[PDB]
Every structure is written in structure tokens, then in C-alpha cells.
Amino acid sequence: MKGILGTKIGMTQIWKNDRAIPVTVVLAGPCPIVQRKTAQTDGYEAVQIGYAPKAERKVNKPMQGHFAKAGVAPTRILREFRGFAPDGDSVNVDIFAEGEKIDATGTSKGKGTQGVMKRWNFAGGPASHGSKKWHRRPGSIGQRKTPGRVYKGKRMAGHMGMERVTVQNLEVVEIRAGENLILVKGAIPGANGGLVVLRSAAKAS
Amino acid sequence: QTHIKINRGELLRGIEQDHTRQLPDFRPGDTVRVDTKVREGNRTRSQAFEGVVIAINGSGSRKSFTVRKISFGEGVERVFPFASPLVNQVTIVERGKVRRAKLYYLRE
Amino acid sequence: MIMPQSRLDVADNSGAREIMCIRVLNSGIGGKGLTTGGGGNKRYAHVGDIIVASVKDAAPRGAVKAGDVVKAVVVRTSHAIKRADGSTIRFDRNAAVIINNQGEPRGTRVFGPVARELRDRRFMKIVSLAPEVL
Amino acid sequence: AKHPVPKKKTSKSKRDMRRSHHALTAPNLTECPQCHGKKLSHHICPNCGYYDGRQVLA
Amino acid sequence: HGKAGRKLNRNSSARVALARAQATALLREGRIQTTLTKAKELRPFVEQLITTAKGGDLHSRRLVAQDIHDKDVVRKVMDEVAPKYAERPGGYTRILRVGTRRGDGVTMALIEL
RNA sequence: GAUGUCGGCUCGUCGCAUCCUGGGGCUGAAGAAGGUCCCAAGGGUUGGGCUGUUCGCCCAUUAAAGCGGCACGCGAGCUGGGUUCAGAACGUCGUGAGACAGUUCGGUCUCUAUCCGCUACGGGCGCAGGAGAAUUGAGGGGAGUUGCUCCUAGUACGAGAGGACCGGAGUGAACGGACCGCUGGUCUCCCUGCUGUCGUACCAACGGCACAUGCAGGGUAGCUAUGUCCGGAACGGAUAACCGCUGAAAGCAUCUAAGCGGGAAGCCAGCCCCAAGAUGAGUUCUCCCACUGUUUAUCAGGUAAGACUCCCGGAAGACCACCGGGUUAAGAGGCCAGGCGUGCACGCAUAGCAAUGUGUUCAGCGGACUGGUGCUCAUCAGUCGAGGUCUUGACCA
RNA sequence: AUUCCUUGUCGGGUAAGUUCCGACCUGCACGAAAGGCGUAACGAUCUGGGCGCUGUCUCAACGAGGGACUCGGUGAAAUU
RNA sequence: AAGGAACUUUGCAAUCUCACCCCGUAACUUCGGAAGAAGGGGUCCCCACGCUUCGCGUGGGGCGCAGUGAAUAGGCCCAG
Ligand SMILES: [Mg+2]
Ligand SMILES: [Mg+2]
Ligand SMILES: [Mg+2]
Ligand SMILES: [Mg+2]
Ligand SMILES: [Mg+2]
Ligand SMILES: [Mg+2]
Ligand SMILES: [Mg+2]
Ligand SMILES: [Mg+2]
Ligand SMILES: [Mg+2]
Ligand SMILES: [Mg+2]
Ligand SMILES: [Mg+2]
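Residue numbers (the entry's author numbering), protein chains in the order written: chain B, 1 to 205; chain M, 2 to 109; chain H, 1 to 134; chain Z, 2 to 59; chain K, 3 to 115.
Heads up, some of the hints might be wrong.
Calculated pairs, DSS-like style, for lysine-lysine (alpha carbon to alpha carbon, straight line, at most 27 Å) [unchecked claim]: (1) M/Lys6 <-> B/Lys58; (2) Z/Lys15 <-> B/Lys132; (3) B/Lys118 <-> K/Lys5; (4) H/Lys82 <-> M/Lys103.
Pairwise CB distance ranges, derived in the manner of DEER restraints [to be verified]: (5) K/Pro91 <-> M/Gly61: 28 to 36 Å; (6) K/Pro91 <-> M/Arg14: 49 to 57 Å; (7) K/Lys9 <-> H/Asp120: 48 to 56 Å; (8) B/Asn169 <-> M/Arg14: 23 to 31 Å; (9) B/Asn192 <-> Z/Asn29: 33 to 41 Å; (10) K/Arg90 <-> M/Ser60: 31 to 39 Å.
Now the stretches of chain M that chain B is said to cover, found in silico as 3 or more residues with beta-carbon under 8 Å [what the hints assert, rightly or not]: (11) 4-16; (12) 77-90.
Rather than coming from a laboratory, the hints here were simulated on the basis of the structure.
Ideal Cβ placement from N, Cα and C applies to all residues, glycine included.
Can you make the complete structure from the sequences, with help from the hints?
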């Protein structure tokens, strides 16, 4: 349901009481609302929020049209949120609250093409008792004349990372509104400067 | 990705000065970190780790120093976060004259 | 960390000078006696973990002898342990304290400092004979 | 031996389904503002040596 | 990944002897044409060098002399060129790219003071 | 005119005649612990010593350390210990050459994948205008493990000894996902120290070579685990074994033939991820608009909206792709300030016979980090890109 | 290195040893110049054990260089 | 990092060792040898002093993490 948009910023040490706790400072800048999809307009409920600002000289005509339909001010990023609402815009103020468990979802860093050891763990082989299949290189891929082929999915080398990931249940250590800053314990996905989306715990204990 | 203009640098300071503590100078040479051991039952103890300083890694919240000490016949090293709540105060015992910000060599 | 083949020092007068880690228990001290393993895997023993160990050299004259298969509870790892304030301790040598099925030392005394982690692990008697609890 | 090796000659056809991707992209020539000969955007006009003034020797 | 920040295509000393070799030619001849990329390598390096020269103290000379082994060229950068760039916020060296080449299809370019 | 053979290693996947977790009937089931049969394969099923072993024996643990199938799975994947080459030896047989249920030491396992299959990534066309962006989810994938302690409760039970179900708490393991703040690793020239040699005339100061860093000490960003954080769920629906309510045919009895309810780690939904080439190609919001061409060049040609090309870069990347900037500019470099690394620079002065020490000096130097600034280069310019088929129906004055 | 039954039996070392060392003897099919038993020293010999060290391994990571990828030049092969 | 043969048919491979002084060196032995056994120490720079000189010894001093300071450069042992 509820949720906001933001830029990851870095992690750092912070003591809450006498326990040093690592956190990820996320800037959940205010988020405008640029379109309310209704189960009677677009067939399903949801809100269109926006994020970084974009210079107007860079805005497509078609987009202006959109953004103007709600006198907003071109953002550069728009995203939806099912079953969400209110009036005006969306800022963490009153949205999230210190202590709330949340789910941060960003785009994982990108590892490019990675072998099986690093993409699936595997194990490759030896390093001395004979070879050319030193450490990496997968083993065998199938079996034989039966299923005389390979399974759809057999883990293999392939572009690793650069995916959508969602780390669940994160305590919100501290919220400094009026800076739209927010500290979540643990570690959120992707690179600093990267987009991140925080929300109510999709399904927490 | 989100391309907002922003000094991610300071944003961090602002969220880090609140947990930053200065301490006497020192660089090596001995110290005596008289720290609290609130960790016993309720009973809030009080140990004093003192001995050569061999490393100052970090800055801001993360800043810290590493002291090496031999207690009861066995070498021991501790890592303290300048601003670690368990650290009450630190005092120099004697400035040392060495030649490199490390001393690991001193582990023999 | 500690693992099978890993020789630890003995920090008690049990009579055994050095022991070789035969296995890593999942340190069950609790309730009535020592509890039984929390899983059959677990590969590393940390200060506070109990392990099963063989004896490689014991002193001449002492309850424990060369070859005895015993139970010790790891008190000093050359590994860093990270206390919650965010500090880190690490001793120059791994060393353990031989014990019995109640978690009490076989020795009348412990030598050298002992990881303060044994206190949370509830090994009070061990902490009891400790010269220091760093 | 020469271990992997092909099972059959490939169609003149197949062999062409392949190459359906080797067609050069002609340069996108621009016309130099001075001597008006065609040039390569962002480079110097090989015919006059200009790039606003005359950089390369005649 | 590989999110580093620099270039090679040679070992560790070659890549240093080149950047020094081009650094010197660039300063000894105000301009040189070179592979497009190589000039790209050269540019920052050289600018740094002009800025070290831009001090006049023996120290700043002695430092430059670490990456300009030709006494005559050091004097030039030291006394003729560094002083001249006095008033510009270290920002002069520009690269012009020319045509592609024949022997290997490689697009050459100009890096000039 | 060749279907490579034992074992291992790597990679898996499937059956169930289930090893462990889950649910049940009976027990000779007091409770605790078991036995046994029924249902049930979701997930899980440790590390060592001996042997080529497969097996099995043993150590130490575990909820458990299941049994089989896939050419006794897997050598165009590796090994090569075992055994069905050539050497040699012992025992044994043969008069011999030789031989063997045998035993033993030695003994070349072939870079480049065409087609299918598989993991990744583009290009084309399609989806009845030409575009920018936001999405529904048809379908599909991943995940699905378990202990221990405490509470209830020293309760129910039991002569006692011992000692629960049910439900409610915590804390580990292993596995995975993301991450780099921490603790560490690395960091191929970021800083310093050191040797021999050659060179920059010499002194001082530096450079090269001694790996493809000469050696050593340290080390930012990055990348990374043995480091962090989070997760396997809840509820729900329909069920298996099994238990039941109302109830005849057999005026009684009956979980049943009408009907109805409860009920598993399993099935479906749920969680995370992909997803309209879901050619049945969906939805929504916005933008451009109706041009030109004489039955001689029948259609393409100017163009809009928009985008590509090209340049400069990137936490994106094999290439393409993807994100950012392109002077109405802070995109990258330089430059400045700062951070952080190294650890006190060259020169001079002083102390000393000198080697050196000290002062000037928290000096000097400087990869990738945070900002600022138009000093540099992103100049100029080109290319591509709509005018919307028909039928029926409904609404408009 | 000559034993089949066999990982014979006891002892040794090991937490645990089908191997190894020492005994015993029931030597399937030891044995005295097809030499018997022993023997300092020698061995790129074969076997078992130990100390030290280690990426052999728990688990792998980071870095370097040379390919692999991309563009320009030249341009094969087995197979079919 | 921590561990240290847990790898595995086998420590295969790759480390450790690694030069020259001094001290020290077992069983067993055909008394030659086993031995470089094993183990330990030193090793740079300045100065004075003396030495057979290049060189070296003695004493004092100095610098680094480290002085065959970089290249060449034995891993050792028990038993069969
Ligand atoms: Mg490996
Ligand atoms: Mg560090
Ligand atoms: Mg049961
Ligand atoms: Mg095959
Ligand atoms: Mg180094
Ligand atoms: Mg139900
Ligand atoms: Mg590129
Ligand atoms: Mg652009
Ligand atoms: Mg910058
Ligand atoms: Mg080519
Ligand atoms: Mg013998």
C-alpha cells in the first residue's frame, strides 16, 4: 500500500542507545502525485507519484501535457503504488514512522556476465590434482540419450545483477523530515544515487 | 540513476556529526581507555584497557583506534570507535616516537 | 574461527596442554545439563562455542592425558568478535578450557584472559576462575 | 583430432539467413561550412583543414 | 564489476613510460597527432605536469624532472610555458580528432597545447 | 567402416516400496520414550579415519545422517586411483616360447561446437495513424529446511522416578538474497623505506632494470567474506489418511447411497521475480495533425510530434543494449577547496669527526571520494519520422 | 613385491587405520648361488609416519599480465 | 582473514628452506661415513682501536619493519 520514492545515499554508523547500528541514509524527497488511476478509469486502483526534478527544456511535449494535467512540474521519474491515496503530494512525514518495519526495493548493482561460481555458487573443481577445468567451469549439463538435452533453467553463466530486488522487514531507525532524509537499518539494494522504493511491509511478522 | 542535484557528502555529515566525538590527540605511544562494562547483570562494571596505539582508521562516526596489550601472558588487541558509548574517556600515558601510522610490526 | 584440525591452547590446569578440534558442537549449555546440538552442521566455533576435541599433548601428571577425547569450550579466538557497542576484541592465540558434561572446567583454575562472551553464554563458573574477562 | 566439427554443409540459404546482419552503415557525412566539401561530424575537414578556423595544414 | 578509473593495454611500466614519452613530446612541440585514445590518456596527465611546473620553486622543478627526463624540455615547461598559463585555471590542452587511418583503420587525433 | 569401461569429483533431476520434519488409526498406548500400519515427497538428509573402491567397518555429531531410476545419470565436463597394451619382479603352471583365480612398481585420456537443447544480449517485422511515458496480469519461475531454551507447567499423568499435548515466546544452524557502514582481504605504481647497477657532468636530488609491482610497510574507491542486514511466515480455499452431524435402503445399527463439517511440511492462493510475440499482440495519461505530386515520372517527396547519427561520460556493459550530458551547458577532464592515504619532503639552518638527529614540517606528495568553478572538449550538421482500410452497430444537432 | 579364505589374530600409532610397523603361525602355491638370511653407504626407486609451511582444502576473494570480446588488414581446418 | 593436509589414489601442486661465517650435531657403521645431520646465532652504516692486506677482529655509536636488506639461492626427520 503506502510508500514513497527516493535516492539511496550511503550507510554509516549510528548508536541507538548503546548499540551501534548500521543504517542506509535514503533521501525520500517529496513526491508529487501526477495521476490517480481508479478501478473505474484505468480498471484498477493506484497512484502515480514522481521524483527527481527535470529541467523543462528537456521535457517532451507529450510529457508536459501529462504533467500539466495536474499542474505538477516535470519530474523525470514516475511510478505507481497500488491502493494508496491522500491529497496534495507524498512525503515521508506521517507516511513512515520510526520503528515501522519496511521493504526497500531498488535495482541491484550490475555484475555484467558472471560465471557459475559467482552467479550460483557452484564450486568448479580442483586446482591441482590434474585439470583445465580449474576452479570455474560448470560440471556436466545433463545426463545422456534420455532427456537427451538440457533442462530449461539449468543454472549457467549469464548477466548477473542489474535486477529488481526487494529486501523485506527493515526497522526505521530515524526519520528527519524537512530533509526528506530517512535511516533504515540494514542494507538496501543498488548503488548510492540509485532509485529506491520504500513501502509498508508487504508481509511482515 | 535518480539524478537529483545533491551533496550526498554533507547529507551524511548532517547524519553523522550527531554521533561523532573528539578525543585527546595521540597517534601511538600509550593510552588508557577507561571504558565501562555496563554489560554485567544490571551491575555496570568498569574495565581499563591501556597499552600501545597501533592504528587510527576512519573519520566521522566510523573513526576509531586500535590498542594492543598483553594481559596475563597473552597478547590482546581492541578496536574502539572514538564515539562508542562504551568508551567513557581516553587519556594519553606517553607520546611515542615511531615512523608509520601502523605498527603491526609490533605484533612480535 | 575454530574447526576440525584446529589445535587450540588449553587455558586450564586440566593437565592437557594442547588440544585438536575434532568437532564443532553447537554449544548447548542450558536448562539442566549441557543441551544437545543445535543442528548437525555449523562449521566454525567462536569464543563461547563448545567443541569436541582430541588431546594432543598433556602434561605428565594431571587428570587429562594424551589421546583422551574431551569437550572444551572456546575462550580465546585469534578471530575478532564484535561486541554490540561496535568494538572488536581479538587475542593473539586460540585457546580453550576443557570441561565436563555440565559445562564446568575440569581444572581448578583458568589461565590468561577470557572472552567476555562466555558470560552471556552463561558459563559463569568459567568466568569465575578467570584472571580477567576482557 | 579436430573434435567439434559440423554435421552437414549449410544451405546457401542458411548461410545467408546468417549474414543478414553484415551490411555497413554508410558514414553520415556533413558539408564543411567553408570549402563546402563533405566532412565527418566532430572531425576536421580533410580538404580545408578547418574546424571553425584552420587547424590542420592546408 | 570493474568500476575502477584509469587505462592500460601494456604492463605497469610501459603505461608509465608512454605517458611520459607523450607528455614530453606534447611539451616539446606544442602539438602532436596520436591515436585518439592515447591523447585521451595523455591530456590529464600532462595538465597535471603543467601545474607542477607552475610553481617555480626548485621543488616544483625537481618534481617535474621526475616525469620529463630531458633537461631542455623541463626548462621550457618550467620557464616558458608554466609561467604563461599563470592566469588560466589549469585547463589548457585540447584534442582535435582527425580522420581514420589506413594501416589499421584507427582514428587519429591531435592534442595541442 | 568403434554405443569409451569401474570409482571419484561437478552438475543435477525424477520415482516412492519415506531416513527427518507434517497429519492420522491401533498398541500389549499411564506421562516421557517407542512400536506398527495409513496419508504424505515441500524442503532437508554433516564432517572425518581405513580402502581405487562401489560397499562396509569405525570416530565425532545430527531432526535425519532414506532406498532407487536417469546409457549401473554425467570423460566432445575434469580426474585416471581400479582394470582387459608394450617394461620389470614374486608366487604358481609349462620341458619351452609363454601363461595366470593372482600380487606388485611404471606407463601420452585428441585448442577451435554446424544443427537441436541450455544461459545470457541485440537486430527485424508484427500488434490498422506517427510518437513520449505510466501499467493490468494471462500465464511462468524462485522460495518452501530444522534444532535448542524459556513460558504455560514442575501443571495434566504417575506409587514414585520422571513429566506433556495444546497454545505463546525467544535464540542458533545450514541455505539464500542484497550490501560494504563495521571487522577484515585485495588494491600492479596512491605514499614511504631498502639493495645492487646504469644514467641525468659531478655533489645533493631523481629515473630505469632487477615479474609480466625488484623487495618491503601501509592503503582510499572499487570488488569482496569468514562481515553486515533481511528472508523461509500468517491468514485463507480445496483436500489425503483419519474423525464426525442429520440419516434410509436392512421398523435397530451405519462418516452415506440425498446432504453437510473438521482435517497435513503436501495442492491452489498468498510472498519475491519475469510477463501481451498472452499474433486472442490488452488498458491509461499526454503530444503531432490532416500536407505535396496534370489520366506523361501510378507513389514516393517536404515535414509535425518524436527520435536516431555523432561527441563527452557512467555506479550500464563482451558487442549491441541501458542511464546521464551535449554552451539556453557543471557531463567528464583540468582547476580550487575539502576528505582520505602515506608520515614528515626538496632547500637551508643547527648538533655531531661521521653514520645520523633536530628545526623549518601534523611537513611534502596524491589513482578512483564530496562539493564549487565555464579553464577543455561536448562545434557544425546530417538522417529518419504521421495523415490513419473496410463492414456492422450505437450516439449528434 | 611371493597368502587364496583376508581388512587372519594380538600389539603398535590414530578420536577413528582394508594401508604401514612388530609378533604369531594355519607357509592355498618361502628357502638357500632361477642363491637363503642380514647389512653401513648410495636412489629423480617403491611404501607408511612425523615436524615445519602452505589456497591442496573449508569457500574463495582481490589484483596483474597474455588470450577470449570490438574495429581495420590477411585468412585456414577436420566435417559435410 | 581464521584454520593448516580437514584436499586427495598420493601434501599431485605450490609454499616454507634457501648463500657465507661461528657454535652445535643421534642411531647405526665396512670407522670412510651417516652430516649441510638435527638445532641455534650472526650478516647493514659510521668511528676508534689493533690485525697479514682486499679484507678482518675488538669496543662504542647510528637507521629501518627488515641489513646474503633487491637476483642467483637445501625443507627436515623416523621407519620399512
Ligand atoms: Mg574452489
Ligand atoms: Mg583497515
Ligand atoms: Mg508420526
Ligand atoms: Mg558424453
Ligand atoms: Mg605492496
Ligand atoms: Mg478447511
Ligand atoms: Mg563503449
Ligand atoms: Mg541525450
Ligand atoms: Mg570532480
Ligand atoms: Mg578482423
Ligand atoms: Mg621390513
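| Which hints, by number, does the structure contradict? | When the structure is compared with the hints, numbers 2 and 6 turn out to be violated.
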